[PDB]
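Engineer: One-letter residues, chain by chain:
There are 2 protein chains.
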Amino acid sequence: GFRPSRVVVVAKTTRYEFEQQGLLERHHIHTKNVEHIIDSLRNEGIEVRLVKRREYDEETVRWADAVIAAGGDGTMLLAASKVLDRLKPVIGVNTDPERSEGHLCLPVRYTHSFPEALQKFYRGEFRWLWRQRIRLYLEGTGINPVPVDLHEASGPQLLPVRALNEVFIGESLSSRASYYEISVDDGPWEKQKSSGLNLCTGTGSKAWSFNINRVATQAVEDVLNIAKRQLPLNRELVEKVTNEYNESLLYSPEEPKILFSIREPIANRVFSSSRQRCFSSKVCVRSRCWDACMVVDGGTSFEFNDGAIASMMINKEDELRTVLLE
Amino acid sequence: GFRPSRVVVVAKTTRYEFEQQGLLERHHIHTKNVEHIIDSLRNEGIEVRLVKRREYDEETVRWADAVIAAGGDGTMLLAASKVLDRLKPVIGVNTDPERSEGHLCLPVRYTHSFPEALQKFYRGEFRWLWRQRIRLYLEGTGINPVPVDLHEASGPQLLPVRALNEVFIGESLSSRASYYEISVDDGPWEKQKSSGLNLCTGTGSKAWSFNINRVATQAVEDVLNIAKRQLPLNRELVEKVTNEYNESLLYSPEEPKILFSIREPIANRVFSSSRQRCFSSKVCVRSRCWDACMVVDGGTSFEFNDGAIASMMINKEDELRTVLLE
Ligand SMILES: NC(=O)c1ccc[n+]([C@@H]2O[C@H](COP(=O)([O-])OP(=O)(O)OC[C@H]3O[C@@H](n4cnc5c(N)ncnc54)[C@H](OP(=O)(O)O)[C@@H]3O)[C@@H](O)[C@H]2O)c1
Ligand SMILES: NC(=O)c1ccc[n+]([C@@H]2O[C@H](COP(=O)([O-])OP(=O)(O)OC[C@H]3O[C@@H](n4cnc5c(N)ncnc54)[C@H](OP(=O)(O)O)[C@@H]3O)[C@@H](O)[C@H]2O)c1
Ligand SMILES: [Mg+2]
Ligand SMILES: [Mg+2]
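Going down the list, the sequences are from chains C and W. Sequential numbering of the first sequence, starting at 138, is according to our numbering. Sequential numbering of the second sequence, starting at 138, is according to our numbering.
If we strip away everything but chain C, and leave its shape as in the complex, we get:
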């Protein structure tokens, strides 16, 4: 079984609010789905607190026996940003299924049919899913560990956020390429040059790390012609090879490997570079950057310039307690 007696809900802040604080149809809907959620809860003898960005403090989180994101994977990532305890269930409801993807949120039937999931909880007609998350240690010189809420010679210190999707590292200016020395599973330092790095979990293996590494159905077409050029096949086969490739880009969130990737490295005779991607347990990056940041779930940011040393790994006491319905 499972039913909590205290719940905080953290609702995204629709563009119609973003301004006030076809964009009305947007807001009326998100409202008409927060409403259906809170009223389904209160119909089950459940004290609920409803909050937005700055209200949603960890004090709220401690109070509640579970946490609901009423929004999208952002709002998931948001709520899942302020949760360190691997026992606290974090739950998201896709509040806008024509706009919000909601890959971290429940099946979309449960949006307007919410008491149904709730029943499935009291009865346990579900599963528990502990998604691994990435934690980050910052050492080096001149470092600056104060996080930055993007949504408006020292030692190793634990930064106050766990990365559920990925950690992004690169120059702030999107056009100034990035320089840093990197070490994987405690290997020798290799000076890469790229437009950044991306160290996802299996949760975020579908996220940003997918759209980097994935290939074109065309780039597949090309390479295959070129192969019999340098038993043929057709349109249908192109996709029954292309996806089997791109499948090998995703892994199970429970798997505790980090999938790091070089984001557009730089070839040539003065910038000899390593691999594109591979899995690991632990990475370590020495910023040789002038004005870069460390960017977690596209939501929190740390100053990561020269002499700073960030080192990412997975720890079990970070796995995120989430659920799972048929």
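It should be emphasised that the hints constitute simulated quantities derived from the structure, not laboratory data. Each hint should be verified, as a subset may be incorrect.
Said to hold, decoys possible - Pairs of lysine-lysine residues, derived as PhoX-like cross-links and limited to a Cα-Cα distance of at most 25 Å, are as follows: (1) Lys365(C) <-> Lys189(W); (2) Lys219(W) <-> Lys189(W); (3) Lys365(C) <-> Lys377(W); (4) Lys365(W) <-> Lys377(C); (5) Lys377(W) <-> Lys377(C); (6) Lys328(C) <-> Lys394(C).
Position chain W with the ligands against the provided structure of chain C, taking the given hints into account.
Structural biologist: Structure of chain W with the ligands alone, referenced to chain C:
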């Protein structure tokens, strides 16, 4: 034949200067190659003016019969930024061949053997090469056409820079993905979502646009196994297919097609997206962005947020008069 009687030289600004205004070995070398260039010129009866960033004005450029970049492709891009006349020869000398790539600069023998090229000019033992460049028209609402030198309801107006490598468009914050409606060779508008766009010339087909689109020798390995899985071959064959692919990413600078590309678009059931890349004559982009810029050769920048409409094409009167030695 060809020999100019007036020359401006525009030298990069080495890190040892960047600070003052192993980094000394760096500076002593760049100096010992600007020296060898100016003295080779003055040994040919050639008035020379030597300049850095802010000195290098268009007034300098008008005065000189030709323009020399003493640096790298940056310094090339720099000098080639302030030249609109397709008759003014722009010439670059790789001033630091262990660090500067210099794909826009002369062969590297000509760095310490500079009077030799000069002879090759008086004698015409060379070729003229007019690299096509990209020009940019900004229309729409609330637009802001003042350029920004990254190196520290209105009509269409010509922005004051020609793009030699590429024009980059995307959100300034490297993690906030980008939204805009785009039109190619005057086609229907298609709403993409990505980490940016990249519209290069054949000059910059090797540049940024290469490291996006190019594939792994591994991603090739994978896809090929997967093919006979879903006449085999080995390590050697992997590279005699991989490059023949990646070759099809570069085109001749004289060719006046624009190679645009979607930089990490976003898949799924709410973000249906177009193609990765293809050539065109003319693109048009309607910014649906909150805080994006237009970034030219990684050197000049324009504000490109919502309602602004940028539209890129190639015009012959922009081809960049450069040379070519054996
Ligand atoms: N060009 C790219 O591929 C790109 C660029 C920046 C960020 N991102 C990703 O998006 C995250 C930032 O949070 P955000 O969602 O508020 O930005 P976003 O703009 O909403 O991200 C783009 C789309 O990816 C989906 N998504 C987010 N997290 C996912 C996950 N773990 N698995 C599968 N899909 C996911 C989102 O669905 P929702 O609509 O429900 O949010 C979103 O519609 C970051 O983890 C980053 O990984 C991707
Ligand atoms: N991750 C990437 O692929 C990336 C990221 C940002 C910018 N860039 C490119 O670099 C340009 C910015 O100027 P920058 O050179 O001062 O930055 P940069 O840091 O020097 O660019 C990275 C390297 O690319 C080489 N390069 C530059 N232009 C090229 C061209 N037209 N063809 C082939 N190679 C070229 C440069 O050689 P030099 O050392 O002689 O400059 C440089 O070492 C922009 O056009 C942009 O295209 C690439
Ligand atoms: Mg979102
Ligand atoms: Mg450079």
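Engineer: Could you run down the list of hints and mark each one as holding or not?
Structural biologist: Taking the hints in turn, this is what the structure says about them:
1. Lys365(C) <-> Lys189(W): violated, 52 Å
2. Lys219(W) <-> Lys189(W): holds, 13 Å
3. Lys365(C) <-> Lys377(W): Roughly 11 Å separates the two Cα atoms, so the pair holds.
4. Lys365(W) <-> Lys377(C): Within the cut-off at roughly 11 Å; holds.
5. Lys377(W) <-> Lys377(C): It holds: about 24 Å lies between the C-alpha atoms, which stays within 25 Å.
6. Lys328(C) <-> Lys394(C): The given pair, whose Cα atoms are some 22 Å apart, holds under the 25 Å limit.
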